[PDB]
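Before any comments, here is the structure.
Partial complex: the chains shown occupy the same locations as in the complete assembly.
Order of writing sets the chain letters: A and B. Residues in each chain are counted from 1.
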Amino acid sequence: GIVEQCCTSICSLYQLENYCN
Amino acid sequence: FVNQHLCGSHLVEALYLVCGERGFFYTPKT
C-alpha cells in the first residue's frame, strides 16, 4: 500500500492526496 | 512537486500537510 510504497520506493504528493478525507 | 521517500512518522507529516483540514486516513499493511 501507500505506507509501504513511500518507504521502500517513492511516492508523489498526488498519490498521498488519495488518502485525504 | 517532487517525488518523495517517506518512512515512519515522516509519511504522517506529509499526509497532514497535503490534506490539511480535510484530514486523512493512515492505513499501513499488517
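Basically, a contact is a pair of C-beta atoms (placed from the backbone, for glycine too) under 8 Å apart; a residue touches a chain by one contact, two chains touch by 3 or more.
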Total copies per chain kind in the whole complex, with one of each drawn here: A x6, B x6
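Just so it is clear, only the chains that are shown with their structure count from here on.
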Chain A partner contacts - residues on chain B that touch it in the complex: 1, 3-8, 11, 14-15, 18-19, 22-29
Chain B-touching residues of chain A, taken from the complex the two chains share: 1-4, 6-7, 9-14, 16-17, 19-21
